[PDB]
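*Asks:* Each chain, written out:
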Amino acid sequence: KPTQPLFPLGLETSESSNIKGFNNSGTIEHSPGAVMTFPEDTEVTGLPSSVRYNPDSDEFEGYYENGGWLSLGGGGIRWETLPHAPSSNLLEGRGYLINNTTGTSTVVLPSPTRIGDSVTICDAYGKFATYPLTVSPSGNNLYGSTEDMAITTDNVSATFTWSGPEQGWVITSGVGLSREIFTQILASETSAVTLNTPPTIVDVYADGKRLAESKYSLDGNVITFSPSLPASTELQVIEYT
Amino acid sequence: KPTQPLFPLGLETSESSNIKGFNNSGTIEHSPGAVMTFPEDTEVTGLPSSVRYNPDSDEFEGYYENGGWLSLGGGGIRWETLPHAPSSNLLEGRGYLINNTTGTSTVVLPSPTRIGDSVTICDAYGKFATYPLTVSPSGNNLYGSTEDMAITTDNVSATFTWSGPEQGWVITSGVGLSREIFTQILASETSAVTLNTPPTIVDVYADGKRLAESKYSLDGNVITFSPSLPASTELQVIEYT
Amino acid sequence: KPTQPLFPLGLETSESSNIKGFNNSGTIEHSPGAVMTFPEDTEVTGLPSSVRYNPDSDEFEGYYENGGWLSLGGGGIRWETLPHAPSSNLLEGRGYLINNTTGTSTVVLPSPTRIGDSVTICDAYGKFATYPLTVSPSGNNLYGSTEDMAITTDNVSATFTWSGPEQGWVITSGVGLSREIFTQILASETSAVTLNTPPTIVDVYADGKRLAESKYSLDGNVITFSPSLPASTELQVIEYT
Numbered sequence: 004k005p006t007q008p009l010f011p012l013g014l015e016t017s018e019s020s021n022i023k024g025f026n027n028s029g030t031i032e033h034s035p036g037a038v039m040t041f042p043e044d045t046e047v048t049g050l051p052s053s054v055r056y057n058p059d060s061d062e063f064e065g066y067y068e069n070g071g072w073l074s075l076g077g078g079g080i081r082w083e084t085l086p087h088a089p090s091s092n093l094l095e096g097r098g099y100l101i102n103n104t105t106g107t108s109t110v111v112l113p114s115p116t117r118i119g120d121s122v123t124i125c126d127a128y129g130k131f132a133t134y135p136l137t138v139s140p141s142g143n144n145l146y147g148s149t150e151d152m153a154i155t156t157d158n159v160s161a162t163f164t165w166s167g168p169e170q171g172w173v174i175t176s177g178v179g180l187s188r189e190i191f192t193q194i195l196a197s198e199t200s201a202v203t204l205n206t207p208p209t210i211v212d213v214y215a216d217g218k219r220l221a222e223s224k225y226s227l228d229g230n231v232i233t234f235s236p237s238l239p240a241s242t243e244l245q246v247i248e249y250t
Numbered sequence: 004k005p006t007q008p009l010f011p012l013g014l015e016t017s018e019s020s021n022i023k024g025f026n027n028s029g030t031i032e033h034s035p036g037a038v039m040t041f042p043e044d045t046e047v048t049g050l051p052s053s054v055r056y057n058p059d060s061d062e063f064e065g066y067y068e069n070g071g072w073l074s075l076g077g078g079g080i081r082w083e084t085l086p087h088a089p090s091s092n093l094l095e096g097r098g099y100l101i102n103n104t105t106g107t108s109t110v111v112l113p114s115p116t117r118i119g120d121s122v123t124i125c126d127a128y129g130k131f132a133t134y135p136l137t138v139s140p141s142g143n144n145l146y147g148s149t150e151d152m153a154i155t156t157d158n159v160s161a162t163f164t165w166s167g168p169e170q171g172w173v174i175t176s177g178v179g180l187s188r189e190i191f192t193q194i195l196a197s198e199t200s201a202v203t204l205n206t207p208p209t210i211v212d213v214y215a216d217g218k219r220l221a222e223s224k225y226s227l228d229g230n231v232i233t234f235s236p237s238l239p240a241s242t243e244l245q246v247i248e249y250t
Numbered sequence: 004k005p006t007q008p009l010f011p012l013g014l015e016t017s018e019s020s021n022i023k024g025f026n027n028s029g030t031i032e033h034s035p036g037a038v039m040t041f042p043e044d045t046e047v048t049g050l051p052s053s054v055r056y057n058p059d060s061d062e063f064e065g066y067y068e069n070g071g072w073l074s075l076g077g078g079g080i081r082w083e084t085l086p087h088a089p090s091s092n093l094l095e096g097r098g099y100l101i102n103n104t105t106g107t108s109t110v111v112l113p114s115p116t117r118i119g120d121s122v123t124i125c126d127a128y129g130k131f132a133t134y135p136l137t138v139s140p141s142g143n144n145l146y147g148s149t150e151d152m153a154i155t156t157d158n159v160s161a162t163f164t165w166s167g168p169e170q171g172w173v174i175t176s177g178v179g180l187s188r189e190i191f192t193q194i195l196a197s198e199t200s201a202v203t204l205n206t207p208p209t210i211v212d213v214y215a216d217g218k219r220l221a222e223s224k225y226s227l228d229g230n231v232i233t234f235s236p237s238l239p240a241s242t243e244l245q246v247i248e249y250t
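Protein chains in written order, with PDB author numbering: chain A, 4 to 180, 187 to 250; chain A', 4 to 180, 187 to 250; chain A'', 4 to 180, 187 to 250. A prime marks a further copy of an entry chain.
Some clues are possibly wrong.
When chains are identical, the list treats them as one kind, so a pair holds in a single copy or across two.
[What the hints assert, rightly or not] Calculated cross-link-like contacts (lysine to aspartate or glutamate; reagent style EDC-like; alpha-carbon spacing at most 16 Å): (1) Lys224 / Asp212; (2) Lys4 / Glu15; (3) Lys218 / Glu243.
Think of the hints as simulated: they come from the structure by calculation, not from any bench.
Put together the whole structure using the sequences plus the hints.
*Replies:* Here you go:
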């Protein structure tokens, strides 16, 4: 029957021992000066409730049922300063306090591993209006576009997130998220006009007066108005974007 | 005096042993291939510094002083895709990448357990303008209202949070958070007018001209103006909301 | 050669034992009713993969390579209600559900320890328009200013973050982030006018008519217009901020 020594009252040990681990069936306390640690492991293999340190991702992880080796404690924000460099490259789960006082800097998103992989940046100097920041998604696309994206808003802060490859990167958490006037004096009596870029909504002024909603229809980047206007007429148009 | 065997130089063990736990008073290292794990426990009972895995909430938790069994590592974001379904039900601490390309989908917030319980959603397809999303709070109320709430903004992302039952759910973290023109030609000489919904602020135009702030007062969904206006007068009103 | 007892088949122990720790080289399972725990430690000294509980910060921490003793699981949000008090003081990593129904309350940011140190607040009652909240940064400055900051927006929620001492505190995560009309009838024929505060952009109306972009230039808090206007002229100016 019994296969191995048993110690009714347990026992004591006054030096570091060497085990091939075990199954605990009771309570694991500590005394002062006691230390603890995790296996420095790197594999993709594991089983739920199993836990490790990682000496590459410098991140205390735990194997979850759906997925496996997530960061322990869920999602989290690694707040570090970034010393201004023309180009910088950013690591998942880290958030960067950017300075653009020097001038315009760039940052390159990492290659996404898992969905959720989440990076964060913050205009902590409020310099982005004066000296913008651009965001290189690398091979993988951002909001569908492989093309980079620029940031122009003093004081802004954004969390980027991998959504899968079609839409690629997107913004999840964040903080901090165009007055056209075409005017001229009709050389002739004219029934239509074309604005330099399509406006969403527009206000029209004919001489002094504010023209009525009925007097025109607006479509794309052109404005018809019945009745057609006479020559010598100062018309103001306020393209809204 | 002594009650149990003592091992001056500690010892060695080349197989998995079986303990009723203990109190460590020194350093707990590991060698390569070493593994670690947590008790698969489910109770509400525990004591600070005590820690576990949970085989229901699939979440590495730790008993804190104020509260008890929180998720270890504080609050975190479980980023998963959601395959479009007319109805879906959402789990705390998880964040969902929603698609509404198919059409309009719905999601039901879980029953809140603790205050803080925090869910997150994201229009990762930018389809919410074209095909909105609605948010069922279930029995418990949202911002005071038991009534559901709809979302209409292309590209949006929101973190919901339980605040307690009076106000119920609210939005904490998030990203991405109405041109009325009444016009007519006064049949008669008229001293007042009623707008179809109360405007907050309004611009008034009488014939061509932009009427002065003194000429009217505005209240609720009606506009008085002294002096009272004459008949045959084209007046434009720009309800702002 | 051998220095300490070895137990080929490992062994068993039916009571809590007392160790000076060890190096595990195998697998550390558990049985039902098994418990676990961390050393209640307080020092700044430690080595990566080492982990502890803290009986002051009531926070399960782990020593990371760059930095040392971070909270395990990265950044996280400690959601608690705050019972309205004229003054309250706030702890890092905690997020407060504020009520200002009573009246105007204040909150004092803690002294920042590490960069990243991140506090969060939320107008969960939507009372901030009616009864504002103010934010004392203490000695350390907020966005450069040592001067406090007030909050006026019903429904808002903000994450504060320590960036370093020059800019001090800033806002990273968050949710929820001025109609001047000067009018008069020119006593005389006047070529310039001064607005009570500099406007960014402005709309000008002369009698009824909306004046053209060419007719004036705007600078600081003054408006020139060529040609200079005649006396008896009702002019409206819409300061935009």
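*Asks:* A separate judgement is required for each hint: does it hold in the structure or not?
*Replies:* Going through the hints against the structure:
1. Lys224 / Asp212: Only inside one copy: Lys224 and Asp212 sit 12 Å apart there, 19 Å across copies, limit 16 Å.
2. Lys4 / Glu15: Between copies, since 14 Å is at most 16 Å while 26 Å is not.
3. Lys218 / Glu243: both (10 Å within a copy, 12 Å between copies)
Of the numbered hints stated above, none is contradicted by the structure.
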